[PDB]
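Keeping the supplied structure of chain H fixed, place chains F, A and W upon it in accordance with the hints.
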Amino acid sequence: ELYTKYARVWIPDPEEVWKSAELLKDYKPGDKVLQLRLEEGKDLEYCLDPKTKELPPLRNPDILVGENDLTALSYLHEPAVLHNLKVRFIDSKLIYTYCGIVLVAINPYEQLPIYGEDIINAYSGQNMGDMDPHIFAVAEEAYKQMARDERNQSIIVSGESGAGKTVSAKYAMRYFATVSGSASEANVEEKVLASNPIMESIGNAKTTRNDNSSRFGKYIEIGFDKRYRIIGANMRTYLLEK
Amino acid sequence: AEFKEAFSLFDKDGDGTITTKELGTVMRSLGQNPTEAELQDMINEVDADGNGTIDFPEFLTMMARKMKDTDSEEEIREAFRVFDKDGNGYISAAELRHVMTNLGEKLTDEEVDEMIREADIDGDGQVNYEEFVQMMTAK
Amino acid sequence: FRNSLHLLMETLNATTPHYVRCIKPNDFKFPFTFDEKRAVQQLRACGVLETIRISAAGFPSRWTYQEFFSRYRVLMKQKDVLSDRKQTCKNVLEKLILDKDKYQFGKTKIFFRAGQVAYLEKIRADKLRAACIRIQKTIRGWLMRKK
Amino acid sequence: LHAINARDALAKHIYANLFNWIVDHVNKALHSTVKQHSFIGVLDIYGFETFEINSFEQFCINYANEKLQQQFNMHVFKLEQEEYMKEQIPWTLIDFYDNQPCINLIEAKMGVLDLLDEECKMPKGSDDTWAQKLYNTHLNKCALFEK
Numbered sequence: 006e007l008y009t010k011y012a013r014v015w016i017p018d019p020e021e022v023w024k025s026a027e028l029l030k031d032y033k034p035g036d037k038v039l040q041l042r043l044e045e046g047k048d049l050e051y052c053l054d055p056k057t058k059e060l061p062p063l064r065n066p067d068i069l070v071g072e073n074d075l076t077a078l079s080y081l082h083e084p085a086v087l088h089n090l091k092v093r094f095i096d097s098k099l100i101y102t103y104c105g106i107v108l109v110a111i112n113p114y115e116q117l118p119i120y121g122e123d124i125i126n127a128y129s130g131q132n133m134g135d136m137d138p139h140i141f142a143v144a145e146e147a148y149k150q151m152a153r154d155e156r157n158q159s160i161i162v163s164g165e166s167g168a169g170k171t172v173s174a175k176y177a178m179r180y181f182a183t184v185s186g187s188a189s190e191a192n193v194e195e196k197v198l199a200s201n202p203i204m205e206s207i208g209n210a211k212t213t214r215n216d217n218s219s220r221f222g223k224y225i226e227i228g229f230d231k232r233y234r235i236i237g238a239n240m241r242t243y244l245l246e247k
Numbered sequence: 110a111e112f113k114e115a116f117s118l119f120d121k122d123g124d125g126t127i128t129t130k131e132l133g134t135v136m137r138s139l140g141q142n143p144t145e146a147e148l149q150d151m152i153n154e155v156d157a158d159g160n161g162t163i164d165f166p167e168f169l170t171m172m173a174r175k176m177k178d179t180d181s182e183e184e185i186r187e188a189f190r191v192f193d194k195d196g197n198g199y200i201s202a203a204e205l206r207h208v209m210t211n212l213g214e215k216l217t218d219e220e221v222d223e224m225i226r227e228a229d230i231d232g233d234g235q236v237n238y239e240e241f242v243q244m245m246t247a248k
Numbered sequence: 029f030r031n032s033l034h035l036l037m038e039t040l041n042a043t044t045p046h047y048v049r050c051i052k053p054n055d056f057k058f059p060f061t062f063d064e065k066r067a068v069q070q071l072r073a074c075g076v077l078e079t080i081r082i083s084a085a086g087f088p089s090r091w092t093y094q095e096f097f098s099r100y101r102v103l104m105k106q107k108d109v110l111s112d113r114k115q116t117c118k119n120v121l122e123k124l125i126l127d128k129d130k131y132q133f134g135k136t137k138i139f140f141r142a143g144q145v146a147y148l149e150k151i152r153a154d155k156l157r158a159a160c161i162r163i164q165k166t167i168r169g170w171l172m173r174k175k
Numbered sequence: 081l082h083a084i085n086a087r088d089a090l091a092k093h094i095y096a097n098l099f100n101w102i103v104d105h106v107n108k109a110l111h112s113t114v115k116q117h118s119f120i121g122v123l124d125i126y127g128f129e130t131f132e133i134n135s136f137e138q139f140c141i142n143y144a145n146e147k148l149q150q151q152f153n154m155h156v157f158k159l160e161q162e163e164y165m166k167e168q169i170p171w172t173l174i175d176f177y178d179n180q181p182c183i184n185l186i187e188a189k190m191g192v193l194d195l196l197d198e199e200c201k202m203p204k205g206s207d208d209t210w211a212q213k214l215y216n217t218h219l220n221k222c223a224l225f226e227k
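Protein chains in written order, with my numbering: chain H, 6 to 247; chain F, 110 to 248; chain A, 29 to 175; chain W, 81 to 227.
So that you can see chain H by itself, here it is in the shape it has in the complex:
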């Protein structure tokens, strides 16, 4: 059917969550076991659970692996997403990937030369689909749909504490500042960034699993005039841990 010899699957692992295996023999319907090979060479028999008779999840063919969107993948399931994101991050140093209309951002911990003025100009005025995935691409789309529809925009940044949500917001603001005909004395980014140590003191705390964790929602509204230029900002707070 599809589980032929030399087709490859993912099996559970305690060390890497999912490990790669290849079928030594063709699966025959009503078999109890598969015959596999691992990262040394050709060892294991894999038992099939007798109450479900289910089969371990298939590996995508290599012509579809590495892609800029995850929805491109034909076998779209947990180890496929995990493996695809791993090779882009480790092998190619790529920290941004789409998932349809969702940008996934993986924290690199290192500082990368992908946030300068030259890169900002390259995203400027382009379509989202026609450029490599970036926090800048999401910012451009918000600026564009604003004047296209006469409609205010919300960039929703979510994730665990320490995943880089605050850093993602910092670069979205620099994009909006640079592209919009800059205000002189305002320089609004700098004033908003100086508000972070204040908000972190009264709104963030140490938890069992994190040293600095925000226990509220923070909404910074970036205000634009009828010639589309940065003029000010407004902070709203919600959902505080009383």
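Mixed in with the good hints there might be a few duds.
Pairs of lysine to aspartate or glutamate residues, derived as EDC-like cross-links and limited to a Cα-Cα distance of at most 20 Å, are as follows [claimed, not checked]:
#: 1; chain 1: A; residue 1: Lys114; chain 2: W; residue 2: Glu167
#: 2; chain 1: A; residue 1: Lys65; chain 2: H; residue 2: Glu20
#: 3; chain 1: H; residue 1: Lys33; chain 2: H; residue 2: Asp54
#: 4; chain 1: F; residue 1: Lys130; chain 2: F; residue 2: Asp164
#: 5; chain 1: W; residue 1: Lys108; chain 2: H; residue 2: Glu20
#: 6; chain 1: H; residue 1: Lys211; chain 2: A; residue 2: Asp55
It is worth saying that the hints were derived from the structure and are not from the lab.
Only chains F, A and W this time, still in chain H's reference frame:
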């Protein structure tokens, strides 16, 4: 293409019957080039389920039932690939062995090693597959 | 909490929303190091794997007629190739994947169910696979008549 | 016990108002004298929070996430319809996965928050009596609730 004389060269024993597992070689001694799959399908579409041997009448009935499919296995005279897309006319000995031993009804490596005796191989490691197909069939 | 939550949703439903999901890949602040145990936990509690679980129900795999034609030109019979290349793809796909709920034909793209492009790569393998049987059978009749 | 609950209520009230006051005055340094036309807001917010011992704080976080994920589910559904229309495909081939019954179990009358708020004005209520009230009301009358 029935032939009683050919049956009698495969009935060794003079019993009148040959083993059911010698059916594919009797078809390919008569003429016909059938698959091992087609041979199994031909046996499986008769309730020869428990039959250990076949008589010449049984073999005659099967060839008459399946005459059309079996005759299609002596029409071909040429043989294209679907390897080679460049149209170089060459294929690597590695690909050629892989198509023979991995794919389909899988020849043994020893049979492939027999077929590549005398067969020229260049310094790239490729063989003229047109000459190689002619040398296997024409001979 | 309920009152603040409604007030937030009202503010966010007056807008068009854009989505960034941030992921921590390892616990120790290590440069470009991925931990699979950490990464899988991060993705589940972020809605990513569940959103993907929904997406795979419909037609996630989308190829243009030009892309489909390029990879699969080999699977065609030489006379099923036409001057129109869009119409050629229509004819070929509806004789390689039989169930017609498995894909839909748009203006500029083909929309495929999950696992179907994988099946196309499988029958691309199976065609090379079935080509051998054809040659092998010819050799094994030749050599038997010689024997 | 009523004096202690009131002391804590006062400490919590003063902090909430002082927190608001700092936000109002931080806003006065970030305000513009030029009249606004439009805005782009950036929302910095948590995700699903799951530890090995989960309490009220986690329940509130996950409740907020269910409200946000619902808006996301609707937004994706609208965008899929627009893309489907651009290619001329039947637009009734997209299954919507509602999460309103989960939101209702949390926030409707006779829901988890409501029964909690009821037990909290009883002068002999407890966590144990609340737990039994949850079982009597919901267990096996809803499939999103287990014990």
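Given the proposed pairing of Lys130/F with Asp164/F, does the C-alpha separation stay at or below 20 Å?
13 Å, holds
Please work out if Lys114/A and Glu167/W have their alpha carbons no farther apart than 20 Å.
Answer holds: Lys114/A to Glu167/W is near 14 Å, not above 20 Å.
Between the alpha carbons of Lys33/H and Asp54/H, is the straight-line distance 20 Å or under?
16 Å, holds
Taking only the CA atoms, is the gap from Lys108/W to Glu20/H under or equal to 20 Å?
Not OK: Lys108/W and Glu20/H at ~53 Å, beyond 20 Å, violated.
Check the hint pairing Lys211/H with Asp55/A against an upper bound of 20 Å on the C-alpha distance.
16 Å, holds
Restraint check for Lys65/A with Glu20/H, where alpha carbons must lie at most 20 Å apart:
Roughly 8 Å between the alpha carbons, so the hint for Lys65/A and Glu20/H holds.
In the structure shown, a violation is registered for the earlier hint numbered 5 alone.
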